[PDB]
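Starting from the known structure of chain X, arrange chain U on it as the hints suggest.
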Amino acid sequence: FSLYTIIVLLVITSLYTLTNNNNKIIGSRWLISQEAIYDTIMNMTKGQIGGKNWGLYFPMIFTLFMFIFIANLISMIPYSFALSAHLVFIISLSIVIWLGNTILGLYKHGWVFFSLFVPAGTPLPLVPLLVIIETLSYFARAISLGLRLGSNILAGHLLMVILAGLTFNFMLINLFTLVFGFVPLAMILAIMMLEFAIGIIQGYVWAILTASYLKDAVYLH
Amino acid sequence: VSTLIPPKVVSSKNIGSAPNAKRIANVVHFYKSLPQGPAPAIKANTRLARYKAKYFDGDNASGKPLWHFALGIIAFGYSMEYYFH
Numbered sequence: 029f030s031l032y033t034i035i036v037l038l039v040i041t042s043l044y045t046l047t048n049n050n051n052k053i054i055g056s057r058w059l060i061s062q063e064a065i066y067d068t069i070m071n072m073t074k075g076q077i078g079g080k081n082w083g084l085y086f087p088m089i090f091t092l093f094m095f096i097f098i099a100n101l102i103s104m105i106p107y108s109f110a111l112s113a114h115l116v117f118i119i120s121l122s123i124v125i126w127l128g129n130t131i132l133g134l135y136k137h138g139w140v141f142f143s144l145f146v147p148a149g150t151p152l153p154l155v156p157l158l159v160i161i162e163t164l165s166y167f168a169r170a171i172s173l174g175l176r177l178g179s180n181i182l183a184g185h186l187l188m189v190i191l192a193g194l195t196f197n198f199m200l201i202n203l204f205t206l207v208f209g210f211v212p213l214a215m216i217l218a219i220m221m222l223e224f225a226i227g228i229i230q231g232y233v234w235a236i237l238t239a240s241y242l243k244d245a246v247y248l249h
Numbered sequence: 001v002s003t004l005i006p007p008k009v010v011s012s013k014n015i016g017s018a019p020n021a022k023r024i025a026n027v028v029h030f031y032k033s034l035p036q037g038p039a040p041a042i043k044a045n046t047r048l049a050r051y052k053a054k055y056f057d058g059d060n061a062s063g064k065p066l067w068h069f070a071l072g073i074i075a076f077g078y079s080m081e082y083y084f085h
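Chains as they are written, first to last, in the entry's author numbering: chain X, 29 to 249; chain U, 1 to 85.
No lab work stands behind these hints, which were simulated from the structure alone.
Check before you lean on any hint, since a few could be wrong.
[To be verified] With a Cα cut of at most 30 Å, we get these calculated DSS-like pairs of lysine-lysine:
1. U/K54 with X/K52
2. U/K32 with X/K52
3. U/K64 with X/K52
4. X/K136 with X/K74
5. U/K22 with X/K52
[To be verified] Label pairs and their calculated CB-CB ranges:
6. X/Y166 with U/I24: 51 to 57 Å
7. X/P212 with U/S33: 57 to 63 Å
8. X/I119 with U/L48: 30 to 36 Å
9. U/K8 with X/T68: 54 to 60 Å
Each residue gets a CB set at the ideal place from its N, CA and C atoms; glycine is no exception.
Same shape as in the complex, but just chain X:
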């Protein structure tokens, strides 16, 4: 697993180091593939955490963004690099992000951070219930980040594995050598295009959720 995680480091280090022929201003054919994603990232980050200190709190959301989207990309190779079918690292760093935004709120606000679990205006007889209503959801969304990515990636890896293993009698002995007998290959290809789509979209949406939790941390709502 260690050597496999170095591979994604090498591939994305070569994204610019092994791309620019002379560091031309026009940009190479693979420098564009990263400046476009950078433009998208800056765009929806200024959309979601827009205001002060957004620039200082953009880079780690960015780093998580490439981490996750090339982590989903390497899950297309047939010996799929879906975290070597363990995927507990997503949970551990989701808990890490939760602790990070908790400390962010506790330092930026302090006692005001406890007002993050209560909105600006609530009825007096109903606040003592809604505070505990909004607290446990916040401490609970530390596994919800992990199970999302885990779900999509490893669910894809094991469904292609299961379909491939279940494809034993399709052309060797079965006389139906058409798509009727080749339904395994057809749904494998369909679910792989689906897998690429859901991987990229889920990377983008997790970037959104992490930016949202950072916004909840550094600001008050």
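For chain U alone, kept in the frame of chain X given last:
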């Protein structure tokens, strides 16, 4: 009693405000630069640089290098799985 002297007073008077501000910017931007495509630096062969000047070049940079990398990865993985599985 002396008359005003516009063309005689131009030492302190510049071209508006913005043009003189950008004159220094534009005078040296075109001074120390390559005339036309000098120093291509195309030649490079250091495995990583060999890939750079062989397939990873930006002139095409199509999916063919990616397919070759995938083929090499699966070729190594076949032996790895034979060792393991």
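Cross-check of the supplied hints:
1. Taken as a hint, the U/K54 and X/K52 pair is honoured in the structure, with Cα atoms around 18 Å apart against an allowance of 30 Å.
2. Distance restraint check for U/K32 and X/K52: the Cα-Cα separation of roughly 16 Å lies within the 30 Å cut-off, and the hinted pair is therefore satisfied.
3. For a cut-off of 30 Å, the pair hint linking U/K64 to X/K52 stands: about 23 Å separates their Cα positions.
4. Only pairs whose Cα atoms come within 30 Å are accepted, and X/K136 paired with X/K74 is accepted, the gap being roughly 20 Å.
5. A C-alpha spacing of about 24 Å is found between U/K22 and X/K52, which places the hinted pair at or below 30 Å, so the restraint holds.
6. For X/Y166 and U/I24, the Cβ-Cβ distance of about 55 Å falls inside the hinted range of 51 to 57 Å, so the restraint holds.
7. Taking 57 to 63 Å as the suggested C-beta distance range, the pair X/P212 and U/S33 conforms, at roughly 60 Å.
8. For the hinted restraint 30 to 36 Å between X/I119 and U/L48, the CB-CB distance of approximately 35 Å keeps it satisfied.
9. With their beta carbons about 59 Å apart, U/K8 and X/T68 fall inside the hinted range of 54 to 60 Å.
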